[PDB]
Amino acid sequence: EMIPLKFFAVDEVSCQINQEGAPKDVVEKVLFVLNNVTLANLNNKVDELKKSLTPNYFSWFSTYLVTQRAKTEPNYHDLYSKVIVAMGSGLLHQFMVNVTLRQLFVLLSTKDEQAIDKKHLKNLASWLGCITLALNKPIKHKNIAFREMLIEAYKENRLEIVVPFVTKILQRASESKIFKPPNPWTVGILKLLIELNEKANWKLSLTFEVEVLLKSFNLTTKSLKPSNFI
């Protein structure tokens, strides 16, 4: 059972290259790379990956990496993001973001909050930030309207789902370059989170998530003024 998400939308990937499932020998080679890649051997490993993972397998690889690895292996987010960067394909990156958005959509749209694995949610949110904001690439307003999503979640009593999704994404702006405060978009979201902290009468763990986020930017609650949307 699902609920509508007014302020979250997934677009289709534009692609002229026919997509196929990877054959057993390609899967074997790809898994070998993923299981043995380190910061030290990254460049050579990506060279090896390119010989096997041709563009007709980009959708397969994105679905695989996001659903089988990124969703459950937060310690490898930085490394996997570096692999995607090294591959040098905009199309691959688009598929990676697309699958991530679709997976996030399913979780955020699940009506029963007890049926949402909170760690999977936080992992996918952090991963999204890793392959967008942390690479100085935006998350488009047409896909996620963050301020509207937060205000709607307040109205619909969904902050326990939406807040950690927002904070785990936004923390990835902390070393960005483009998206660190005083970036007004980033700061705007922080100001609304501070307002909600004051007004929502929410669970302690949400206060914790906001505190952790502010700290990542070397900011405190006292350093910002709350918005007044609520």
Second form
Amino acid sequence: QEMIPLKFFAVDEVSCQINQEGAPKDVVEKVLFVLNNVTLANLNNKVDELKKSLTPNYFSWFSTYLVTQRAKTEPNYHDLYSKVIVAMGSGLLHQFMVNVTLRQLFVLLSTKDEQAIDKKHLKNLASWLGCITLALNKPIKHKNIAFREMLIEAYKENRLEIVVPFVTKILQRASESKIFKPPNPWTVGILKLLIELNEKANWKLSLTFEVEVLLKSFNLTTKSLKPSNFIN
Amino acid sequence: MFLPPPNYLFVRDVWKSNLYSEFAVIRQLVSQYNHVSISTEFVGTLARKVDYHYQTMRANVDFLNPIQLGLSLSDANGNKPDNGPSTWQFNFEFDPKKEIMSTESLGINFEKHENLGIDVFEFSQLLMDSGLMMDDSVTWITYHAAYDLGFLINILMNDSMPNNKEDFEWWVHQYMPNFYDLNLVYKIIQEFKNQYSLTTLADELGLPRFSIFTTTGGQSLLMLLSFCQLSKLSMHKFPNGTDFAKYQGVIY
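Can you now output the form solved in complex with its partner chain? The one shown was the form deposited without its partner chain.
Complete assembly follows, chain above in first position.
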């Protein structure tokens, strides 16, 4: 599958002095069991139970499993899996989770042929990313995703139909975040660009609807903020 | 005595034209050079239960406009990159049309800030996702910080200051989950021997009164050199073996 260059989305590496290993058969079964049985109710017990088998050397393997096999295909369980991560109390585990999510998205958004992109996987990974970053008052770093520059570029490369739904899915998760909801200036500035595109891009209705729906989750409308002026 | 290498003594002025290229530089540096100091400077003059102190900062920060903001970056040991700047002085837009007191009425090039100054809203977007905020692997260094954090948090919130001290503290801890007020640390150190000003601090460490330090950019440089030197001497410990971390997140 042919890829295209993605100028403003980059995957970095997780800073870690610890050799990261594939988990051994016994560890797997112990973990899958916790994941499979954990509910909002048995959360803190299933977690300490999970700690006794999940040591920092297995964090990368856990992240790779949970994001690629669970978050990408189980949107109904994002809140649960997100709480497990928080429950674990490890900043390192969180970085692996974010990193693997960026890997998955990078591949999707890079795919030259739109038809070959699973929009469901794309939407789930975008929403999952917002779930474990913005919704938790944690930022998405500019060196990983430059949103405004991504949108401007998607506009001249005619990639909006892919990039917009991705952006709006992530930003939605800021709606209950105390730091990232409007008037957060980072969030507002992306909204202003979405509002500009909505007026000038002459794009299709589903995109107009996407932006209106995002604004509504912040209780705003396309008239609540002045559009930026990046687009000619 | 303390003699920082010549090349560290350099402050890069930032105006609208280089705001973005300078943030690109700051983003590359933050993983390794993860101690960041801040200094600010505002236009007018502050206006007329340590809830009296908070309530006045609240009203003032809401009203007043920061005119310069200084950031300096080093690692935990005060090491800085050997190429390019590692101290910046962000110079903010100034609008005499809205400023109450006339420029003629009671250090700064007001004309230049007017024509070339940074839009505070653009600044706050680049800071939000720069790597500096909401990350306890980054260490913030302040000095007599209430007003500096006040102004910085107000810029990041893009909203009215919080009603009360407790709410304000909640916000600071979220944006800056790992920070020290060097004023407090130094005062606690002097009390294991019983002024506290930064210059007095700097002299006590045998640091020459370089001219570079007089500006806003220069003052964030000075507090960062000092915090790091001071921390190296004692291994981040007070005279009684207690760690400085005891006072992480406390202001004044």
